[PDB]
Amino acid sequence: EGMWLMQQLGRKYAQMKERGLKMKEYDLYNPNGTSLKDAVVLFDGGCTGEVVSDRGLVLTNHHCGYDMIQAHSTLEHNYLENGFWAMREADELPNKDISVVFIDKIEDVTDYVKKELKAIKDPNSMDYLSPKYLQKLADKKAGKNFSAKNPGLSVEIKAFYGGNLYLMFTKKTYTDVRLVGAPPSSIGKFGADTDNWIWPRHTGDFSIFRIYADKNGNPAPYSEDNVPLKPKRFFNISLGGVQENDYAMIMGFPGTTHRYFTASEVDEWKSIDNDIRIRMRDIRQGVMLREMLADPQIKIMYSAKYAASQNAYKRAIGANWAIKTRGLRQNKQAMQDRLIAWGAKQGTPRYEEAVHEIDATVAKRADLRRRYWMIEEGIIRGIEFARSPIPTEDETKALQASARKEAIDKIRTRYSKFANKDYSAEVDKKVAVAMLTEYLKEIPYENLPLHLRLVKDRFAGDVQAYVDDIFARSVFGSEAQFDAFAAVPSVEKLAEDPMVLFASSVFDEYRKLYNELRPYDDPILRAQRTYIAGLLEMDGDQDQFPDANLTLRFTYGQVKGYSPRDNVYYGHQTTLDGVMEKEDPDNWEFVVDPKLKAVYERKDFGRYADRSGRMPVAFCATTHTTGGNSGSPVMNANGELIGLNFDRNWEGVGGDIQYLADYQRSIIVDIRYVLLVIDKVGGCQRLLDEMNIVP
């Protein structure tokens, strides 16, 4: 059910032991010694990774190492499509702008932060959640020269439980992290977008890196003199596999949850955030798919834009399914009513006042928040010409020195990036006509961005004519129109440009709405501090976890499938047979790697197949994970690595607000399949040899 702080391991240990945990408490997490926690890393700021050898080898997801695989790929050596396997340490590829963060120490600094906060004066101050303020407190506690006296180390204080608990983390960061191995994209991203958020899943979502450091194992930026890191702890790899009901646990960095939402915040999330995103993206995606299916060149240009829009669209569909069917609103209402009844009994009305302040703030910002999501989903992300070039003040104060050419060259560079090889003005006009038709029926005239008022005033309500006119008269409507402007440029032409006026007007409204909505966050945050303090005082900091905030957490559960609907059961494990069932050579998402297909045909599974001779691929577990948990190590009852977390099923996305025991699962790539791909597909035996593989 939760994403527990490392400090909460002591209080959870007995329950974990009753669920199957066999390892000693301090072997998993020791606040003053080496433990399994020391083999977990925050991979590239948004993923989790794990050290799997005494030479700093790191496993994470293929989708986590994707940018590094792509940055090293060329037409001659396409690692993204063919995979990459460095046959020697010297062949491992360095990566610019990469990092791995170890959580060296964690300390509870609540009394210290609360004492420092008493010197504020203004009771409404938001310094208690300010990264700048908390960094000043972290530096004060660590010392005036901490990072100089302790190289590679840094400190950070974060708020938890809405400002009721504070932890200081001592972090060790390594920036020389080299690409060692990756399967082809046909394996690493087998389901591609079709299987995103889907269980059963048959994706071998892994990539391999190596942490490099100086001669003493201290962090150092990329240098050809750097040597692999010998870590204080690494995971042993299990080949025992998994069975239904086996204990499983994860450590990682879940990013965000909303476990303490009021019922009114659940209603807002559904009726505003999700409904608008669903409605607007369904319109955008429908026009886009029609255009992609009718023209193969449009499919090439718009496939990535279409897929990027679909990802959070599917999340919102899954989240709204939970709100509708799992009683998320009702369970938050029961949570707050129980606190209000307990506060009425104790004679402390501040908890009821806090819930009331949240409800009143949610009700007061409704129209503004609806207008913000409507413009953001409808125009800012919905219409490409909304991000067309807007001349800066320096560019207008140049067109009217002979740096008129410099202003035109900068405008041209931005025009060329807007109207790039993937941009179709015809597709964009069709998307804009459908998106603006919806937007204009939902946003009244008095609330419209100034230029959109011309639809009724100048174009007699004809959206098509308004959009046609923007392209026909704009200097960014075509290359010939831009070149005619660039030959005879005037600031008066740019000031009256229909596309410039549209883009400026919709961005002005988007910013005005953002600025009007920002003050509503603070009373909710302050009321949440009181609300969560009451919840903790009433039911204890034992069965209610603090919201995720990109800090190290542990979660435990079992290897278990679930029933998605009446008479349908999805088991706990997928096999290589499922990959072969999904094979479609004329569908780029479901192409099967020939070497992998050969391994399946010959049954060349070695020591990696199960007791029945079937080759496992992935499994699912009742662990509680969210975004940020991609690449997380999945452990046995003995703490051995049995897989990597890489996704979660759409039925469980509502789990960020309320865990769903009968539907929510972490989607994990079986470590046996990872080893089979390294061995039989990559042929990289040296990586198997450096790992500690246990029978």
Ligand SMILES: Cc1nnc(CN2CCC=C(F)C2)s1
Given for the second form:
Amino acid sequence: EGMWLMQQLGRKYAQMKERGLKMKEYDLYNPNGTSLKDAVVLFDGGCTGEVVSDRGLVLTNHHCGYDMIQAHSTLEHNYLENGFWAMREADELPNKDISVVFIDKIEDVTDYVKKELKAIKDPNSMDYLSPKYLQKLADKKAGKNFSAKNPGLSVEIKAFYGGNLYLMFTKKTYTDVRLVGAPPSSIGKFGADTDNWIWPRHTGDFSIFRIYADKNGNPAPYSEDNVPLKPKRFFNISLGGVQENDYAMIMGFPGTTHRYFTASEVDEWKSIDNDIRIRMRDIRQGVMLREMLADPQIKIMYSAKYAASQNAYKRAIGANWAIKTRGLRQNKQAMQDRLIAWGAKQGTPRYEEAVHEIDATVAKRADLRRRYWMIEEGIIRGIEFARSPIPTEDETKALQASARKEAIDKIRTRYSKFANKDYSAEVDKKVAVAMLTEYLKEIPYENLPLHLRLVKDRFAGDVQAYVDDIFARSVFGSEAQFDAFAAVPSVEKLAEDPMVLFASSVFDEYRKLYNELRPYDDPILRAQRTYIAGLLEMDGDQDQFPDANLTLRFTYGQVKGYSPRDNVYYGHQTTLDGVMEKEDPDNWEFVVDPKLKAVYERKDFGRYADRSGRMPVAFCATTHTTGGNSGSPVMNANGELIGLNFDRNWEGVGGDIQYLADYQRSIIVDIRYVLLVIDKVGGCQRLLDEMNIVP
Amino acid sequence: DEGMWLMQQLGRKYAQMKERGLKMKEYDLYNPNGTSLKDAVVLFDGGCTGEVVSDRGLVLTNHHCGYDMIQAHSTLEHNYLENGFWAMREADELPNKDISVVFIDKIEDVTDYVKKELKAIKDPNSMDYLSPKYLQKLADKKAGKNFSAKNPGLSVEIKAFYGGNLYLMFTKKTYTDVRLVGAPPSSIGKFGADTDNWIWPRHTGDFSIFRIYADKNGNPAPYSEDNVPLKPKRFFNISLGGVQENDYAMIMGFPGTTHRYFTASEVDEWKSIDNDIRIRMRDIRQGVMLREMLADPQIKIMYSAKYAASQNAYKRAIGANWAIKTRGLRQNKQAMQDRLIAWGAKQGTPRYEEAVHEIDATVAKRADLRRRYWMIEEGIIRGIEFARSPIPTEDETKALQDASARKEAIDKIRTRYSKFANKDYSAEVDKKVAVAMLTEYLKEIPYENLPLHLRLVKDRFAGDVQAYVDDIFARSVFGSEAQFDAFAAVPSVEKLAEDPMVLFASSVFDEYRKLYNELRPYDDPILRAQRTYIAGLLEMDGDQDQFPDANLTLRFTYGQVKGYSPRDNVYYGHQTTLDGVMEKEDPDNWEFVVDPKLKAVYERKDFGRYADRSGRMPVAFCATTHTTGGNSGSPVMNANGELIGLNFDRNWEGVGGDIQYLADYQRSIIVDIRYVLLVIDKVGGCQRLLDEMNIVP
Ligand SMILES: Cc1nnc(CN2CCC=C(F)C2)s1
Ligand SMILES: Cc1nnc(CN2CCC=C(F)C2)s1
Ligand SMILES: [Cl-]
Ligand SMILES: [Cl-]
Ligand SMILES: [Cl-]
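Could you please show the structure of the form deposited with the ligand bound, as a counterpart to the form solved without the ligand just displayed?
Below is the whole assembly, all chains and molecules, this chain first.
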């Protein structure tokens, strides 16, 4: 069930041992010594990674290393398509703007932060959650010259349990992290978007990097003189595999959860956030798909925009399925009713008052939040010409010196970025007519962005005519229309431009709604500090893990499949046969790498196949993970690496609010499949030789 | 692999059936000289199978088998198709016009007799050995002079089996007064609707209830208010014991067709011509149809049934091609024929190898013609609605060329025009479908092989298919109502003779009939070679582990209640439950609406004695029995011969089972009898039907 703080390992250890854990507590996490924790990294600010050799080799997902593989790909050496395998350390490619963060030390600073907070005075101050305020406290505790006296090291204080617990992290950051290896995209992204959030899964989602440092192993930016880091700890690789019911554990950096939502917040998330995202994205995607299917050139131009929209659409469908069928609302209601009864018994009414303040705040912002999601989903992300060029103050106060051409050059650059090779004005007009029709039906005239009032006032309710007019008369409606404006530019033309007025008007409403909604966050936050305080005083920390906040957490469970629906069972493990069943050479998402197909045909699995001679690909576990856990090391009962987490099934996405024991699984790439690909596909033997592989 | 056995083969299979779990005595299941469970099985309405379940002639079959009768009795005031039907007394049971139930009274091996008669050969290539007319003359000769007059209700029929190597005479008893007794609402009877067709897991309560009526002496009689329920020779006891994984299950019914003795070349032909053309052409047609239905709600109403009718055999062809690709159907037929050829070489008899060679040579010879036939049938005959537009008859054209017979010819043509351009026909959708279908057709069929009118695409329209199609509707008398009315006011034979739609339709039907006539002669050499081929297979390996091809005759099949793995890491168990119906509920999709009375039964757990040991309500199960089309409604029996369900479908992964049984994929989809009884009881509230059945604990 939980995403536990490293501090909570002591209190969970006996439960973990009864579940199968065999390694000693301090070998996994030792607060004053080297432990497995020291081999885990926050990879490039989002993902998790792990050190797997005494020469700083790091494993993470392919989707985590995707941008670096793409930045080094050219028509001559397309690493994204064919994979990359540096045959020597000197061939490993440096990456600009990359980082790996080690969690050197973790300290409970709750009493210290709570003493400092007593000097606030204003009771409803938000300094207790301010990164700027907590950084001043962190700096004060570490010293006046900490990062100079301990180079590469930094400190950070974070709030947990709604402001009831504070931890200080001493971090070591390395910025010379080089690309070492990657399978082709056909393996690394096998299912592509079709299999996103899907179990069974057949994707070899991995990529390999190496941390470099100065001669003393201290962090240093890229330099040809940098040498591979010798870490204090690295993971041993297991080739023993997994079996159903085996203990599995993960360490990583889950980003966000909402485990302490009130029942009213679950209803708001369903009826506003999720229903609007689902309704608006289905309209947008439906028009896009029709146009992509009708024109091959439209499919090329809009495939990525279609796939980007679908990702959170699928998440919202999964989340709403949990709200509808797994009693998320009812379970939050029971949680808060239990606290209210306990507070009444003890004579402390502050807990019931805190739940009431959250409910009152949620009910109060309903119309505003609905208007915000409607404009964000319907127009801000729904309509491409909402992000068309808007003349800046310095551009208009230049068009009306001869720096008129400089202003035109800047506006032209933005027009060319809006109307780029992938933009179709015809597809955008079709999407806008469908999206605005829905938007205008849901948002009353008095709440419309000013320009949209012209649909009723000037265009007799004809959305198609209003959209046609924007493109017919706008300087950004076509290249010829822009060039005619650029030849004779006037501020008067820009000020009355229908597309400029649309874009300005919709962004004005979007910012006004955001500014009007921001003040509702703080009362909920303050009430949650009291709410979680009561929940913890009443039941303690055993089932009540702290919400994820991009900090190092551990989770444990077992390798186990699940039943998605009546009479259907998904087992715990997928195989290479499953990749071959999915092969479709005429669908780019399901093309199979010819070298991998030959490995399957000749059964050239070496020591990587399971006892029955079948080649494993992926497995799933009852660990509790979320976004930020991509690339996380998956460990055995002995702490040996058995896989890398890379996804979670859609049926478990509601697990950010309520863990779903019978449906929620972490989707993990089997380490035996990773090694099979490095070996038989990449032929990169030196990477296998530098790892410590246990029989 | 696993089969559809003749009743005559029960003796030789009995010990294998007993070792698999069968407990009933052989002669209680089938006895040629007495009453057996076979006597409770019926051919329901010429296609389906049914079963007698009471001493008062109550019959169970599928909902899709009784669908037309439920629909014929439905009105706006009493919509039985939507709300179900439950006659609360026998006098309320509704008669049905054009219905029948056929009992198989006796079955007799007449092989020796038919082979002696055939020896009077005038032509060694005669097809009389397979002719229904010739075999009927032999059956009439054996049965007696005026047998139907001396035995009213009875009839005699001889059928050929094993390609003409075995003959059985059936004595059939037909009843034509079969009344509608009960039916669940369509939301239960067709729960998955077309979305779940050929699908396992399945949650459909596919059943309907009828009653056979007869005269005072139980003899067949057409509908009469004086008819009384039939007291039958035998009926099924209903089991409430349920099913568990690995339990023995058996079925009796009337499988229609199989191709278990196809050569490897016939498997290749079926894949590369029949299936690939059907798949390619139906995907084009369905793709245009779906796009138009999604864009216009009125088009969705008009084309939904045509879309669903096209999809049914499309899905079957996809499942059949998946089996050819992944289950080694071709290779296994090649091994079967290579084994026979080797054995024939050792026996000193080359006739078996010569027979396989004649089939391969015939298949290779008709390739181009068969390809052209399927291309026109799938691409135009079925693919384009204006191919079935009106064509003036020879007598219609004569009437238009000095009498009042002109107005009669125009009234007949108008009637056909109104049937073509009916409430569900859209000329715009049809023009879009035709442009896509003709584009594919013209790419595959060379100019010299085109129906004459289609040559105008290249010759007159510069290859513009859209312009050719636009012209057909712009200038045709059947292009619009106004265009027809203008023709009907001033009709001339000259106008009809030059009409672009008449010329298109005539031209495509001419090519279709010419291809059919040119292909027909290739059937007989294959048929004659198959008689020798199957004779060799039988002489070599015995009439023991190779079953005769299905031919709409009574067969039995046995297996176990077992699920299967469709793909890597996915397992479908043997049993579905009422919880699965509730998971699928979607009130905004007519296919997945849940009956309010059924939803309340589930919520209250009002399952009575129908739930399984764990308190779960079963809906359907699947078994390793070997079934095909014609087995819908078949009784599914226990090891003791008690009714445990009704067969209603088979999963798409097993459709290749008509050529090669697929032990790890092919399953019969069966509605659990406990679910049938739950629906009769808790939804229909028709207690009298439960009381007349013999329900065993
Ligand atoms: C391709 C597919 N598109 N939808 C599929 C099923 N589910 C629906 C709910 C959420 C998901 F992530 C995926 S498979
Ligand atoms: C609706 C659908 N649900 N499943 C589908 C896939 N298969 C493909 C092969 C044959 C079938 F019968 C159905 S279409
Ligand atoms: Cl380190
Ligand atoms: Cl011979
Ligand atoms: Cl099989």
